[PDB]
Amino acid sequence: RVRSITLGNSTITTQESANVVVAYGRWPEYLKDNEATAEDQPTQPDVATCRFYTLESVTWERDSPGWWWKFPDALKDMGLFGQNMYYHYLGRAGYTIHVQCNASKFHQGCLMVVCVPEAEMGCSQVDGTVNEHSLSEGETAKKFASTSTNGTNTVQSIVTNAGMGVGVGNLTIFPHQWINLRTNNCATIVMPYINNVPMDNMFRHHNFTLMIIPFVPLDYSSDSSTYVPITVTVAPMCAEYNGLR
Amino acid sequence: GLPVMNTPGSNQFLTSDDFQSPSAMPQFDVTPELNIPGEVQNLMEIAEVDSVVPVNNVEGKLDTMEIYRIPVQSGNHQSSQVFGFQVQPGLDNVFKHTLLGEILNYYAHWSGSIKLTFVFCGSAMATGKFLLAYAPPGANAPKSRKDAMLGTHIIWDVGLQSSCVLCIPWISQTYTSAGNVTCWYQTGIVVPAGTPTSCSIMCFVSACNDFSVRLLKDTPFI
Amino acid sequence: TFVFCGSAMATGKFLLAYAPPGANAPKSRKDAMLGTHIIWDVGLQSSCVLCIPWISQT
Amino acid sequence: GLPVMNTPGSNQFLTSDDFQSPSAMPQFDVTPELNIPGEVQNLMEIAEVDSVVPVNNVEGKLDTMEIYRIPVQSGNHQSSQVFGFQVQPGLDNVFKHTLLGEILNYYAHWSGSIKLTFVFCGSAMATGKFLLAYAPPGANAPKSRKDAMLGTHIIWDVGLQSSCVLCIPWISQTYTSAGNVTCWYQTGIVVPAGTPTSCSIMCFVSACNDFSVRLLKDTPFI
Amino acid sequence: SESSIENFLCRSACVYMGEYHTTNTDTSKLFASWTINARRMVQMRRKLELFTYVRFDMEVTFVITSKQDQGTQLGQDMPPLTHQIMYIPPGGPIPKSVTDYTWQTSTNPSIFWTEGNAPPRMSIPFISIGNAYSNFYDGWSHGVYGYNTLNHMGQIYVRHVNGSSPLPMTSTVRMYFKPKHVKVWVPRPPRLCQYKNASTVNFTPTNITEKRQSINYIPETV
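Chains as they are written, first to last, in this note's numbering: chain A, 1 to 245; chain B, 1001 to 1222; chain C, 2001 to 2058; chain D, 3001 to 3222; chain E, 4001 to 4222.
A few chain D residues that face chain A, going by a derived Cβ cut-off under 7 Å, partial list only:
| no. | residue |
| --- | --- |
| 1 | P3136 |
| 2 | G3138 |
| 3 | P3169 |
| 4 | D3210 |
With a straight-line cut-off of 30 Å between C-alpha atoms, the simulated DSS-like cross-links for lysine-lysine are:
| no. | chain 1 | residue 1 | chain 2 | residue 2 |
| --- | --- | --- | --- | --- |
| 5 | A | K76 | D | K3146 |
| 6 | E | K4096 | D | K3096 |
| 7 | E | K4211 | A | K143 |
| 8 | A | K70 | E | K4183 |
| 9 | E | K4047 | B | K1115 |
| 10 | E | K4196 | A | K70 |
| 11 | A | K32 | D | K3115 |
| 12 | E | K4183 | B | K1096 |
| 13 | E | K4183 | B | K1217 |
| 14 | B | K1129 | A | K105 |
| 15 | B | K1217 | E | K4047 |
| 16 | E | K4211 | B | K1115 |
| 17 | B | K1061 | E | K4196 |
Just a sample of chain E residues kept apart from chain B, beta carbon distances all over 12 Å, derived:
| no. | residue |
| --- | --- |
| 18 | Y4016 |
| 19 | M4017 |
| 20 | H4021 |
| 21 | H4160 |
By construction, these hints were calculated from the structure, which means they are not laboratory data.
Positions of the beta carbon are idealized from the N, C-alpha and C atoms, including for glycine.
The following block holds chain A by itself, in its conformation from the complex:
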C-alpha cells in the first residue's frame, strides 16, 4: 500500500490511500487554441518543468505561528522552470502540491493547509505601504506572528487575521486540507491557473499563496523529539509561454 511516482528524473513515494482536492472541480489544461489565433502563438516546455521540486523542510515546534509562500517566484531559482521565467515575456501554469509531516503516535497537533488566490496583504502601518521583500523571500518561507507587528513596510502578520483582514477560522472557503496527526500526515492540492486574463507576466504578479497554519499546537512529552518536520513538493502542470519565432 505504497505508490512510487516518477516525473522526469525525479522520484517520490506516497501512500495509495491519499486524498486529493481538485481546487474548484477543474483540472489544469492548455488554453485550447483560438482565443488569439493570428499573432499570438504559444509554446510549451514539457521538458523539465514537469518534475518534482522539493523545497527545504520547515520545523514545527511548540510555538510556531505559521508559514506562507508565494507562487510563482518560489520557483524562480528552480532549474528550468526558473530559466523560462526570464526568457519568456508571458506564461501560465497549474500545480500539484504535496505536503507531508514526519511524526510519531506519541505526538499530537492539527494543521490547516490552504491555497489562496490573490492574497493581497496589509501593512503594519495603516497609512503605509508594503515592501517587496516583506511579501516574499523566494523559496524561504515568511512567518506569521502571534502578536501584532510593527516596523515600516512590513506585512501586518498577526496570525488571527492572516494578513488579509479576515477571521482565520473562515479560510475554509478556499481550497484547503486538514492534517490531524492522529489520523493522517499528508495533503495533496491540485491548483489550476486562475486569472482574469489568459496569460500574464510572472514577475510582478503573485497568482496564489500557499499557507500552513497550526490550529492546535504541537505537544509531546518526556523524551520524544522536540520538533516535527514538514516537507513541500511542487510539480508544475501544463505550462505554456509566448512563442519566440
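Here the structure of chain A is known, so what remains is to put chains B, C, D and E in place on it, guided by the hints.
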C-alpha cells in the same frame, strides 16, 4: 397621431424601477467572457461550507488561536461538563462571525437545518468517552450527566472515531427560546506512559441544503 | 530500497533527491526540492523504492 | 382613452438617444445618389494602407525630407548598429503621426498585428548584408551583433532583394514594456568604381487584417 | 431566490454628491467630477468583496437641484437652467477649465438636460480589455502595490450650459449607480476589520468575536 394619456407615476424616479436605458457607447464591442474556474450562482453555496467556531470566547483570549480550542483536561473527572451553548446562528456571539452567520445577517428572516461536526485533536494513544446531548427549544439545559442521558444524546468513543456529526432540524430567529447542546465526561481520558496529558476538541458549523432567506437588509458590522 | 527501522510510534518526513550524471550534488533542502525528489512519510510507509535509468562505467 | 402611465426619463434630452423625428421638409424629393468611385465602409480600410515612417526624428531635421531616410554609410563598419526603435503605435513619436497612428489615437483600446516593410534605395551596383532583429515585450534590446543573432532575426542581402517584410503579433497599449526592432551591419557596403558611396533605407508601416478598436474618444492633436 | 447573485448585487445607491457654481473666483468650483470605482461606498464595497472577479454593466441616474445664491440681487425672472453631463471613457481627454476644448470632443458621450423634466440617465457597458474586473490584485502596477490598470472605468463631469456673463447660481448633483447583468467568480471570506482608506486593504488587528461569561454559559430559558 396615436391618442395617448399619461397616468400617475409619470416622470418620477423610482430607485427600484426596471426599464430599458439608452447606451452611451453603442459602437463598442465588448470583450468576450472567459471560462474562469469557481463561478457562483447563489449565496447559499457560501453558507454550505464548514467554518471553525470560536467556542472558547472567554476573557483573555479573544485575540489568539486559543479561542477555537475546547480544552480536555487530564485525570479523572467523569461527570463534569466540557462545554455547552445555545444554537442561535446570526444572534449568538459564538456563531455570529462564521461563514453561515455572516450571510444570515444580511436577511431579516431565515430558516433551515444546521450541521455541527466535532473533531478530537489528541494523540493516537488516548481513549475515553464523551456524552453529546441536545435539548430542543423551550427546554432547559441539563444540569447533570444523568439527565442529559435521559434525553437525546450520542455516546462518542474517541478511541474508535475521531469525529462526530449532528444535524439540528428547527432553526429560526426572532431568555432565548432556542435549543442547546452540551458535552459531558462519561469516563475520562486514559493514556500510556510518554504521551501528552491534555488535549483539544474543535467544532465546525455548516448549513444543510434546505436553507432559506428573505428580506434583504443592511448588515450591522461596518 | 530504503526501510525505516524505528518504533511504530514515530512520525516524520524525509526528502529523497536524485541528481543525474553531470550535475552537482544539492547543497540545501530547497534546491533538492527544486529537482527530482520524493517526500517520504514514515508514519504512513515503512519503505521507499527508486529506479535509476542510465548506469554505465569508465 | 387608452390608459397610459409616464415612466422616469420622460421629457429629458439624452445626447445619445435614438428616436424618430418629424421632418421639416416633407414635400421635397431628394437628389438620387451617384456611383462615385472610392467609397468607404470602415476606418480600418484607412489603417491597412502603408505610410512612410519618420525614423530619423532627431534634432535639426524635423522639417525636411531627411527625417524619412535612414543613413547607410560607406566603408567597413561590420558590427555597428544602423537603427533601432520600440514598436508602440499611437504613443511613440516615430509612429504617432502615420496613417495607422492617427486612427489609433481616436480610440482608448486597440489591439492587433503590425506589418513593417524596409526598402533599400541605393544604386544597383551595391552589395552587402544587414541583420534585422526582433525582441519581444519584456525583453531588453540587444547590445551587440552577436546577441541579436542569438534571437529572432533575418539576414537581408541587398544585392539579392531590395525589400524585406516583418509581421509583429502581440500589439496593445497602456520603461515601455514593448518589443523592439534593431538593425546591424553584417558586412558593410561594397561598390565598384564610379558609384555613389553613401545610401539610404526607408520604412513603411501598416496594419494587418485582424485589427480592432474600442471606446471612441477625442483626439489630442487639435 | 432572494439569495441569487442578481438580487443580492443589483440595487441602486447614491455614491457621489457634489456642488458647482456658475460664477466663482476659484474656477474649480465651476464644475463637478467623479472617478468611477466601487471602493468609497462602504456598504457596496463589502458586498463586492465576497468575490474575486466581477463583470457587470453600469446604469447611472442623476438628481440635480439649483439655488440662487444669498448674495444680494432680487427681482429676477429666469428661464430654466441647462446642464451638461459628460462621460469620459478610459483613455480620454480630461477638462481642466469649464471653457476647455474637451467639453466638445466628439468621442466623449454627453447629455444635455433642462430642469423640470424627468431625471437623466445613461447606460455604460462592460469596458475592459480584460475579461473581468478584479476586486483584489496581488501585484504591482508596473510601482504601486495592489493596483492594476485593467480596472479603469472612466469619469463623469458636470457643468452649466449658459452663455457669456451668467447670473450666479449654485447646483448640487447626486449620482445613483446600479450594476446589471452581473457575474462573479471565486468566493472569499467577509471583511472582519474596518476599512482604513480607499485604495489599500490596510487594517488594525481585530478581535475574532465578543466574549461571554464561561465556556458553559447558556442563558436561562423563558
